[PDB]
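Work out the full structure: start from the sequences and follow the hints.
Next come the chains, spelled out residue by residue.
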Amino acid sequence: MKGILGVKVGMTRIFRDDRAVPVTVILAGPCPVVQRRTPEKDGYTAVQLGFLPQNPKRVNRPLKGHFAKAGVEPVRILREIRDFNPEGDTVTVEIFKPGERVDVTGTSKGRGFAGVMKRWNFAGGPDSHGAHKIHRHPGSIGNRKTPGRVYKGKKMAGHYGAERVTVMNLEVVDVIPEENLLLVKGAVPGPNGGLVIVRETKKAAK
Amino acid sequence: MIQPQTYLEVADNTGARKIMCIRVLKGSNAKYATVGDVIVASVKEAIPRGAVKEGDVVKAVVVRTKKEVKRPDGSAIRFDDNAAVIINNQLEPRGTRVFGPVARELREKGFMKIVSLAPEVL
Amino acid sequence: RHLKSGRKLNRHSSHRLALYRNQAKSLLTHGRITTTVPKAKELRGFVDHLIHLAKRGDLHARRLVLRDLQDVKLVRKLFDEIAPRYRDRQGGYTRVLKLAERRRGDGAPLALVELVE
Amino acid sequence: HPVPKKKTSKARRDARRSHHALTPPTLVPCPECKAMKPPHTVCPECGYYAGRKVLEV
Amino acid sequence: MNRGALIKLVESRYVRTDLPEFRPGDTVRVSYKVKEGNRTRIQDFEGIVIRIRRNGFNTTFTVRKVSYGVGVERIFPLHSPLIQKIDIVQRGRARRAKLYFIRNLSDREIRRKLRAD
RNA sequence: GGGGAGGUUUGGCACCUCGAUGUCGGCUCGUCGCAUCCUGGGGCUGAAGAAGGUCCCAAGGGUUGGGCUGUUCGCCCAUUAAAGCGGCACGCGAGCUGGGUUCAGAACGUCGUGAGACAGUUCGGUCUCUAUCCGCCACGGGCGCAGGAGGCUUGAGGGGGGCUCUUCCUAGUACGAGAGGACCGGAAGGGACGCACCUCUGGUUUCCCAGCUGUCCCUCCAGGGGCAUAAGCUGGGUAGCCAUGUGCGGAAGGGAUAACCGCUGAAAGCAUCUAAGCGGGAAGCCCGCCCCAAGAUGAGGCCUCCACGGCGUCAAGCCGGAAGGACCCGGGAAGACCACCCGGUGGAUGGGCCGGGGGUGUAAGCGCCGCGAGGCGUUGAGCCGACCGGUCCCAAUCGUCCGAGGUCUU
RNA sequence: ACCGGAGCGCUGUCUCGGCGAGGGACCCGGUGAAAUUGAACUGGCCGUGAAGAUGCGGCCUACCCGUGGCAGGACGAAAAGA
RNA sequence: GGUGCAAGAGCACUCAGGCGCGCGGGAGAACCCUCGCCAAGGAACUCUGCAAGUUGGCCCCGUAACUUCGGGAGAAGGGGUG
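Protein chains in written order, with the authors' numbering: chain a, 1 to 206; chain h, 1 to 122; chain k, 2 to 118; chain x, 4 to 60; chain m, 1 to 117.
No incorrect hints appear here.
So the derived label-pair ranges between C-beta atoms look like this: (1) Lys44(h) with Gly69(m): 22 to 30 Å; (2) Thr12(a) with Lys18(h): 38 to 46 Å; (3) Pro48(h) with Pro20(m): 55 to 63 Å; (4) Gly69(m) with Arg16(a): 33 to 41 Å; (5) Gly153(a) with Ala19(k): 51 to 59 Å; (6) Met20(h) with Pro20(m): 46 to 54 Å; (7) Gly124(a) with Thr96(h): 49 to 57 Å; (8) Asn121(a) with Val69(h): 22 to 30 Å; (9) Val69(h) with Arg111(a): 26 to 34 Å; (10) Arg111(a) with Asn58(m): 24 to 32 Å; (11) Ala5(m) with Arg17(k): 31 to 39 Å; (12) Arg41(m) with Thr96(h): 26 to 34 Å; (13) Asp18(m) with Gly10(a): 15 to 23 Å; (14) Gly153(a) with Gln43(m): 52 to 60 Å.
Residues from chain h that keep clear of chain m, each with C-beta distances beyond 12 Å, as calculated: (15) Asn13; (16) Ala30; (17) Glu45; (18) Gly50; (19) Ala51; (20) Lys53; (21) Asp56.
Think of the hints as simulated: they come from the structure by calculation, not from any bench.
The beta-carbon is built from N, C-alpha and C at its ideal position, and this holds for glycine as well.
This is the structure in structure tokens:
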């Protein structure tokens, strides 16, 4: 139920009697490293692995805390709970039936230090009836003398953007076994060339 | 697909071809109107010899100077506006409609007497 | 939100052309100059581009360099002393180095720019 | 119009200023000679990286 | 290895060969033939003769916005490698660069002055 | 006729503020309560059906756009499931406006011998750049978690999100003389709102390509440059950033209960839902779904790399790591500075160069046609900002400093 | 260059916002002020107190310092209430 | 002073002749000032179409109520310009 992935593009091809609108994502074959089930922990997972960055730029504790199951050398390693794998490699063609419903986790695009009008959508002052040096920044932040303080849930200008976000319940229209591409109708967040993990949740029923 | 307060032609009955839009007529804050959307309207330019003189009516919106991103993605737009006049449930004031042809103005599908009678080029 | 859009700004939007074409008349004349380092790490996209059309040949090159230098002595020097000598080399003709003294009075580090043998 | 109130202490005047201390530079020796130098520049007594370019011909 | 290498693996089972209609031109008059199909599974191959107005490219082309003057001007963009069409047939070639995105002819509606190009 | 709660209304009394506690409306942002306007769960009828009347529980979610007047209020046109009542110094002016009334000017009516005057009317009238401390929104620097480091992580706790309608199978039957017309279930599309993203439809793109006018200069014709918005004016526009564009969402389940309805059943061997026991029951509570989170002084949990040697019995004092690491440089879909991420020649990290994608739209020159403005062939050419790549041609040359010598005990 | 109503022509005043350029703000070198001020080792809610508490009472929360920002409080500032 | 604008001491370049305004260098966030376009709809914003945008020079044709016979008139509304 799992895949470590690199997003590339959104691009559309006519599939049925209309034209759908998919994305195009890749998973070249992740090798599991550690598996951790019963006695001492509960966070049970096979840990996958990414692409191949040139062995001698690598320090010794991820040399031999990585040889113990003998992959080669990663950049990225991750962990998603409650899965069992029978052997030493997971591949695209095993898990995903073409026709399921899947979901996608990735980091967003970081917009920087965006203001109020971007971050919480709410309007500003007017523009041509006398609008002396306010046009876009908020109104009040409280009420006089009975609290004596401003609340601590309050929307305000500040940072924005590159958090962890997820999308839900989008389908898996057609995969290719020859390559290791995968096609999903939807949005699939992130600046492309960035990491995306894919798990399945069809347990949402009707 | 934009009708808060607009003039649009009638291509039909009255005595002249103006109208005012008042209110889009689905639930409680609808704010816009694409085609196939019955809107309540006010007749504004004069009517010689008399049918609909200066009351207010309801009309089905036909083409709209904006894009229909159609299901296989062509997109028919025009450059005009209109709407056909509807008596208190669903009919027409006469059996003649003169605007501009098919390309599927049918697409509310409570209206077939318009698209059987929306003849040909002009 | 500067986001995948290169070629940094310095001055103004038409003072920059008269900065480029006024420091490109001096480097071709003297062989070496001395500027500030953010003014030097970007001049080599322009000065290196003129000398590529130099060795290309004909009057459709020496009429096109002339709209960037406007000197009928600099072009008839450029098309026969520095243009023949690079008929063994695919680009990358300049060289910018750092220099170990600040500019007291406003404290900006310097750079040494010259075209290579 | 946004004027202050009570003047700050010595003990909190001199606690903001705790964080303004500045760092020494970074120096390495010129290898052709025997002195210091900022470690990515041309050396203004011994001459070069590989090929002179400076210093009083 | 990125999109330039393996999204032309994906789209080349559809536009491996585009079912080759020929020579778009820029300002020519055309009659399309589409497969408008509705009304409990009835297809109705519809033809439309029309003046072409603009096109733009990146291998998901649109042989796009196409106008003709019924008496109210109706104008109809459309995909070029799509499965909708049978064939595109041109009638005659026209000229006058001022290339893609000609749109004077929306408001210069006089058909006496459309034929003076 | 009698008994009370509430502090939202015009009052009563004068206790802090006259070496100053800036007004009624309008914007912008809100959180709260219930004597509930809609959604949901129930008893009673002068409830046949569909609709209705009044009462008991219930605060999750929602409460539209306009004409007149300074208006809060009120009367109206068009819809809707409805178009709620109240507090928060009659919330909010070191956040904005100045229409209202009572600052200096002037006039109409009316009282006065007169200066003047009248909650009687009417037209004009200055609203202040720098946040010291609590409070809030985001990011950092030290010593801590008893050898020194890297990596992946569990969750105490806390936040966000919670809507609603219409048509159609059931079926037009049960119901009722008829006219009318359902409970329970079952499908589809739509409205407002929220988190992401560029392929379509649309928008910007300060120098990417062309055209045109005036005037000084390159050298006279040709061909070019500077200036006439911090672009001279007009027709186009890639990546980037967004919406008037596309994708999905709000649940299914599990428990415990509210008003209500029961099962056995005593004290009360004709009975009764009870304090002995057990069961049914809502958009409301807890768990479930995403997101931060061991700074949870209760300082968490695992796997891997180096522990070589000493010693005069005080050893918290030296150089010192295949551990590891900052300062320095070439950078970036990360960024106010630091922070994070990817590189440092056994390199493809940026600049140039080559091959594409993509913009404009048929270059200068010579040869033909016309007395001249021009036209026609070479020619879908030439110029080419960042998108995807191959290529030691130019740049990251050389180097420098801190860090265990695992403690109380057997 | 007066004051009150109504139409037409065109429009970012608006439904409802979006992108772009220059002068500041941000960082680094040079010089470098002013109104204000009892002393400060300056948390939240219930309640009392000359009757709107960071200084008193009982419980919950909080590791030592700083840099950009937004304006609720200090019955904030100025003017011995017109 | 010299050219092109129907004219001119106006507007646009520019002769002689002066000057670049006595703090600099980088990055290119929120927010404010001075600007440029936008689409579908054109006053729905508002105390008030406030502000901004529309037509804008010269020539020809044509021109209403009322009037103290001058005027209303640049009425309105149209075509031309290399």
